[PDB]
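With one protein chain held back, the other chains of the complex are shown just where they sit.
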Amino acid sequence: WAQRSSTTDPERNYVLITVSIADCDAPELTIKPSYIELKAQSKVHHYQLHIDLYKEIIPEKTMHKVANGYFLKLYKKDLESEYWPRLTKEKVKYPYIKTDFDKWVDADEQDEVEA
Amino acid sequence: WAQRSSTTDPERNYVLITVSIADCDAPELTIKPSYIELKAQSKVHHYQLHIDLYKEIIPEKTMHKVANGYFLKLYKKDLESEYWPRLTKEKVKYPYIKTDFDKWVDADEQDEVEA
Amino acid sequence: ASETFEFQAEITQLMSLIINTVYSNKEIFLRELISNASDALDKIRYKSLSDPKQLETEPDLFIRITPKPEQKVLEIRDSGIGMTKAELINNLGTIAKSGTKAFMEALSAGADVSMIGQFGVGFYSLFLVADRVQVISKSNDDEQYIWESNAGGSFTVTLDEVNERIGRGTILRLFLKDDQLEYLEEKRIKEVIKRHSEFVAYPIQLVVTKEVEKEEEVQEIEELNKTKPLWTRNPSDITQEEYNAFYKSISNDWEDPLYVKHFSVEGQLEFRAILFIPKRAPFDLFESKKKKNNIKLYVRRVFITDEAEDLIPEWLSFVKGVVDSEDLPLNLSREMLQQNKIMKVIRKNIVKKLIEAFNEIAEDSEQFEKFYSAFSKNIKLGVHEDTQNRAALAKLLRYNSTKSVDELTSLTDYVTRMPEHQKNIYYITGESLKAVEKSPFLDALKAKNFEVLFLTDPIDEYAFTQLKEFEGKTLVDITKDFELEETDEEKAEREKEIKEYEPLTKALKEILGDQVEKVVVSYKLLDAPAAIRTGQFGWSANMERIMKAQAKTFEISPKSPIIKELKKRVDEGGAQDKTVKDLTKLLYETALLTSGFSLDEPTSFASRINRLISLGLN
Partner (left out) sequence: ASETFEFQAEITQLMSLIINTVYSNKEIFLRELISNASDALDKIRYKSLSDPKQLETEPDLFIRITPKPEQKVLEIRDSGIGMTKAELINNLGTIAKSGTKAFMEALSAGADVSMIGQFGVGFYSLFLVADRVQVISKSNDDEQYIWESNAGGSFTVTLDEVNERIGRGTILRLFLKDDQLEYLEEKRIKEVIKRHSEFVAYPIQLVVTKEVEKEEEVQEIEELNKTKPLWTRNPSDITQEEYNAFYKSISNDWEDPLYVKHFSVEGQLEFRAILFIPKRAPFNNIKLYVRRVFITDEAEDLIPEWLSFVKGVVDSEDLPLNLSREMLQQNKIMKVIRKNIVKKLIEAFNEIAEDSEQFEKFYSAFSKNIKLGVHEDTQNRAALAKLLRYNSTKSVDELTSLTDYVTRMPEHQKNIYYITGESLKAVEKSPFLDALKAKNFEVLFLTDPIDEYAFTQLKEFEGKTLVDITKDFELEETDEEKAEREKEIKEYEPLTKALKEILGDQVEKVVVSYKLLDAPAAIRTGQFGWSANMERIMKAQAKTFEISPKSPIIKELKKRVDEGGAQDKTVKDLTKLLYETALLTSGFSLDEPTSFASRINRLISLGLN
């Protein structure tokens, strides 16, 4: 029962999440108000994942899809212009949660439209 | 009957040569006064190589050995402080002869031992 | 009608890719091996939380370099976890399989990760300097297995029958490329490690056979010594003697750091930082841009790069420092982040944090002037080259004044010294301290019940430029000035009394022709004969003297005894002259140098001086 690696990245109104495995099948959807869970196995290593959120997401307006070889997920927050210091609700010495600097920016969210 | 790739590199008194294949066996020694030849097969692709020199080497004081996964060879020239514009004796549009910039320097041969 | 296939990159090449893909910086093999060795001890160490019987096999956690030139071999001993048979096989197929899995799934209720290193290549980089490798590992999970390769497509595994046993861990034998013997050299290994892998969590042991025998004496050494990473420990848990002792080691310096700023930032960046204001300026230069790079950056304990202009703006140059993140900014294979958005952020902080640090040193009588005698420039420099911190930086400036001569003064003091009847800050600049001090240049501002600063450094004016609005207050002088009524008594006569010198006004404008714009006789002076105020919204005469060095309006004092003579002779001689030729221009030229001016036409003037010793004393 292995564990996939993950990806924080707040912006203005949302948080998105990049998992990580090759050719995973049967993606286990779990859109808990304050939790996220997935038990997708890869084409064998069985991967499972659960995380307590830092804040209240919107299980209503969220899309989950698969890209290639990583699972992607995305959700809107419950605020206006605030910024999460983590994804979970705890002491983040979490080994497998690391930041996705590709999508990460913050501080300059809608604040990079010049040259 | 394939062809391995090669490596020029004059210094003060010598020229050295890096071939390129994995785990080659039975290295075919040929130390012709003005020529070099090798028919070593790799552990299958049979590789053979011949090259006309630019000048007269010394088939007397030369060592050939094998490193790993490339064949190395080395020989002293017939001069004092001169510098080859090529390894062969022709029009070098030779695809497989390329310069080994690792060992290559020239112009500053013994004149790069400096602070 | 499809047919799926399995990617199958092939090795011979893939290796030569990793190794030969250049990196004219091939010392990294060591760094990489050590890293890989820290990784190992870090592994067993943690494995002992719940079972410390695992530690029995070797009570020490260390790595030991052992140069053996005699057979041209570089051994790297480590007492970390070591691999079993299968742990060699599996974990030594490239990239995939890394001692990361081991930490991928840790999830622990403490979850400590002293150890980072993925990619799962770093090992192969040993071939950069090694022709053949010899891995001997022993894990208290299997026997002593020997894993040997020559960068080929193949590797061998055998049970070590004869060859000294080890308690637990791994030994690495490097057979160096027949020239790479640079790495059997003491100084070299010291150079490399004590610069790339300095701040590891583990003692960095190095054997160096050295004898004092009378014509061998081995010595397990370099536990040396304040290796230790002073950012991993709580600020409170450190005072002076510990911060400063660190400084000295990381900057080959002899004096104590005037100040120090430990701190961190968290959120999604997560990096810690120590930074020092040194006691003295180098003293080197600088803005050659050729030299600077003091703030060395480490990710997860390992040295990455060091730099200047990405983290630290030019003018903060001097700040020796060090940064570290766990949240590995990513790095193409181990020498820079590659994502300079990261860079920018760390910069913001290392500034914001570093500014308050001055603002702190600010709260002090003398230890500030000790700092201000050191970096007067670099602050002023920062004022010019910033914008946002301009104001933050503004308060930090200290000059002289006609109110306080032998005494430092900021600007937040000047604002409180001025009455409500004033709204503009007045300052002058020029050659020296005394080359302006008791100079009746602006004596009718001194006796005008206001206040003026003294800006001896040229750089000063090169900053003040970018500040024509300080706390609503305007910055002024040499240039041009006005005030209200002032005592509506000689306001009243101004027009009438200047009109007395109006038949003298244009007359003086003519014998000097075209250089001036207007020749005025203003009471912004008392007994000093004449003055040359460069027009407003125009570069200073002193400014000029410098902006020109490396590549106008004429004021007269009416009450000056030598000027009343002019009004008399206006009648006794106007448009032309005979004796008042060597004089009309002369004083103009005198008042020129008076207004911090160049030796413009420097030969004709001298000749007037000796030419006006001709009638008086002869």
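A, B and C are the chain letters, set down in written order, and residue numbers restart from 1 in every chain.
Note that contacts are C-beta pairs under 8 Å (C-beta built on N, C-alpha and C of every residue); 3 or more make two chains touch, one makes a residue touch a chain.
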item: Touch criterion as defined above, residue of C:162, C:551 or C:575 at the omitted chain; value: C:551
item: Touching residue (missing chain; options C:97, C:446 or C:480); value: C:97
item: Which residue of C:111, C:157 or C:512 touches the chain not shown here; value: C:157
item: Given C:109, C:575 or C:617, the one touching the chain that is not displayed; value: C:617
item: Touch list for subunit B against the chain that is not drawn; value: 2-3, 5, 8-10, 83-86, 93-96, 98-99, 101-102, 104-108
item: In subunit C, positions touching the absent partner; value: 1-15, 17, 21-25, 89, 92-98, 119-121, 152-159, 330-333, 337-341, 431, 435, 439, 529, 549-551, 562, 565, 579, 583, 586-587, 590-591, 593-594, 596, 598-603, 605-606, 609-610, 612-618
item: Residues from subunit A at the interface with the omitted partner, ascending; value: 20-23, 43, 67-69
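Definition applied: only the chains that are shown with their structure count from here on.
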item: Subunit A-subunit C separation of Cα centroids, rounded to whole Å; value: 38
item: Centre-to-centre distance between subunit B and subunit A (centres being mean Cα positions), rounded to whole Å; value: 55
item: Residues within subunit A bordering two or more other chains; value: none
item: Touching two or more other chains - residue numbers and ranges from subunit C; value: none
